[PDB]
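Colleague: Take a look at the letters that make up each chain.
Protein chains: 2
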Amino acid sequence: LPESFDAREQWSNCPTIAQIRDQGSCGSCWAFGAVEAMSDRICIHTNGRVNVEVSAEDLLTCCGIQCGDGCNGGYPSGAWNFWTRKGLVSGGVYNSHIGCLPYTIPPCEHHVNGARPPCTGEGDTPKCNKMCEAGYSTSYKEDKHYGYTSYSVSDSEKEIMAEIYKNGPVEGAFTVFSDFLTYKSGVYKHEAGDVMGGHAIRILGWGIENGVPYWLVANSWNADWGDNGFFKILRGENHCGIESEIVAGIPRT
Amino acid sequence: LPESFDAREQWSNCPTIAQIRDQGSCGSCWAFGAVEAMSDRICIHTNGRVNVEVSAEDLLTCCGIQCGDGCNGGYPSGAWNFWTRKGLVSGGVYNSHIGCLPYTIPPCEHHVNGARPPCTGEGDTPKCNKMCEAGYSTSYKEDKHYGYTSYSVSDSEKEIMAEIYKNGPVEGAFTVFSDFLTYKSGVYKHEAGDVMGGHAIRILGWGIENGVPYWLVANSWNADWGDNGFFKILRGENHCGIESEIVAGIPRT
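Which chain is which? The protein sequence lines are B and A, in order. Take the first sequence: its letter number 124 is residue 124 in the deposited numbering, and every next letter is one higher. Take the second sequence: its letter number 154 is residue 154 in the deposited numbering, and every next letter is one higher.
Just so you know, these hints were derived from the structure itself, not from any lab. Any given hint could turn out to be false.
A pair holds if it fits inside one copy or across any two, identical chains being indistinguishable in the list.
[Claimed, not checked] Pairs of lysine-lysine residues, derived as DSS-like cross-links and limited to a Cα-Cα distance of at most 30 Å, are as follows:
| id | residue 1 | residue 2 |
| --- | --- | --- |
| 1 | 86 | 189 |
| 2 | 189 | 127 |
| 3 | 166 | 189 |
| 4 | 144 | 130 |
| 5 | 158 | 144 |
| 6 | 127 | 141 |
| 7 | 141 | 158 |
| 8 | 130 | 184 |
| 9 | 189 | 158 |
The shape of chain B in the complex, shown without the other chains:
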């Protein structure tokens, strides 16, 4: 395995890999890390042939109890199961009008200052509506993309790197302390700060910074939070549980 590896470069023909979304005022990181990683892997596994943005909106709103409580939180491995059974329709970002169900919850500022309204944290979960927006070419049922398999990856550094390196970014989760909120650059090691619970992400690579090993991670807090929306978190120490809750899956291709 390589000492450093970036999925964005390994499959540069696959643009979802490089994309930072914004979940909005809805705690649906669980839904975002999955559909981000599923998009990436539908592109990787058809070798470029198929490139969709999988709908964050379909997952979030139509999964139900097996996934969690929507905007209030949920479970990654419930998401990848849903994909495998009921599939996910396409849906681009808010107001993109791309795909069946683009996301209906607007961008907002996530522990940063900018032009977008502050995020407000409390946000209703949209009802499940099994219908593509007006204009879309196909019907909801037709637009479903399916998972062939889902699985957890064991807490093994070398096993996590081999899975990404072979098959694409993963969804993971980690415990979020308050000192993470203000990450700008470099490798995140939790030091000060209290605990704000566990949070799901997409892991898309690894590398070495000043000797400190790290994981290259996409947050779903828009591109103005952190390092253009990405963060590096310390690798090899189960640091804040980052090597504990890896889930992934192979598309029905």
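With the hints as your guide, set chain A onto chain B.
Modeller: Leaving out everything else, chain A in the frame of chain B:
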């Protein structure tokens, strides 16, 4: 797989299986659900020839960063990793004077009106003394029991059932709402209450009670909580994430 299965009935020569512990005023769920299931599995693996209580004190104090943060919470899969790498010693309950390092934190009342002192928030992780209790036959080192492998079990009802049936109890985890705390009997389905966090537990069976499928689970809040320290929780719909974070492991021979 049978309609129902109890690890206690199946490996009745192994008494740790039926045993309930008390973690005291220390959020070390992660440690208990581990060392309970390893105890069972050492006993099951050896056909009962080896019957020890794996020390919750050793794992809690000596694991370090990879397991999380001691009495403030931690990660199950780091526990089982450490077990395969460093091993874990014998240690009975508080004042048991059984084994190398019994537990040094005393029993207390977890959300129930009994006679032990109420439990005193969370505590402070002890230091790691790599020395057994004065009076113990063997050295710390000579007292280590090693895991051969540790691994995550995927979010699959049938998979999780087959693992328990073939290898014995597993550690799991789930989100806790306020309405859990006053469980007495029957099958717990979350209907109301505030979140409190995900907490680690040991799963040791399943069955059906009045139409509803469940998991037989052991809490580490002593025997005056719940149904003799035990509870049942809805099975088959990833309820409070119960099927999402399953870890386990094989004892070294």
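Colleague: All hints, please: hold or fail.
Modeller: Now for the hints, and whether the structure bears them out:
For the identical chains of this complex, residue 86 and residue 189 are inter-copy neighbours only, at 24 Å across copies versus 38 Å inside a copy, given an alpha-carbon limit of 30 Å. Proximity of residue 189 to residue 127 under the C-alpha cut-off of 30 Å is restricted to the inter-copy arrangement: shortest distance 23 Å between copies versus 38 Å within a copy. In this assembly of identical chains, the alpha carbons of residue 166 and residue 189 lie at most 30 Å apart only when taken from the same copy (27 Å versus 39 Å across copies). Within a single copy, residue 144 and residue 130 get their C-alpha atoms as close as 11 Å, which meets the 30 Å cut-off; across copies the closest is 56 Å, which misses it.
In this assembly of identical chains, the alpha carbons of residue 158 and residue 144 lie at most 30 Å apart only when taken from different copies (26 Å versus 33 Å within one copy). In this assembly of identical chains, the alpha carbons of residue 127 and residue 141 lie at most 30 Å apart only when taken from the same copy (17 Å versus 58 Å across copies). In the homo-oligomer, the alpha carbons of residue 141 and residue 158 lie at most 30 Å apart only across protomers (28 Å), although the nearest pairing inside one protomer, at 38 Å, exceeds that limit. Proximity of residue 130 and residue 184 under a CA criterion of 30 Å is satisfied in neither setting, with 39 Å inside one chain copy and 40 Å between copies.
Taking the shortest Cα distances, residue 189 and residue 158 sit within 30 Å of each other inside one copy (20 Å), while across copies they are farther apart (38 Å).
In summary, the one numbered hint that this structure violates is 8.
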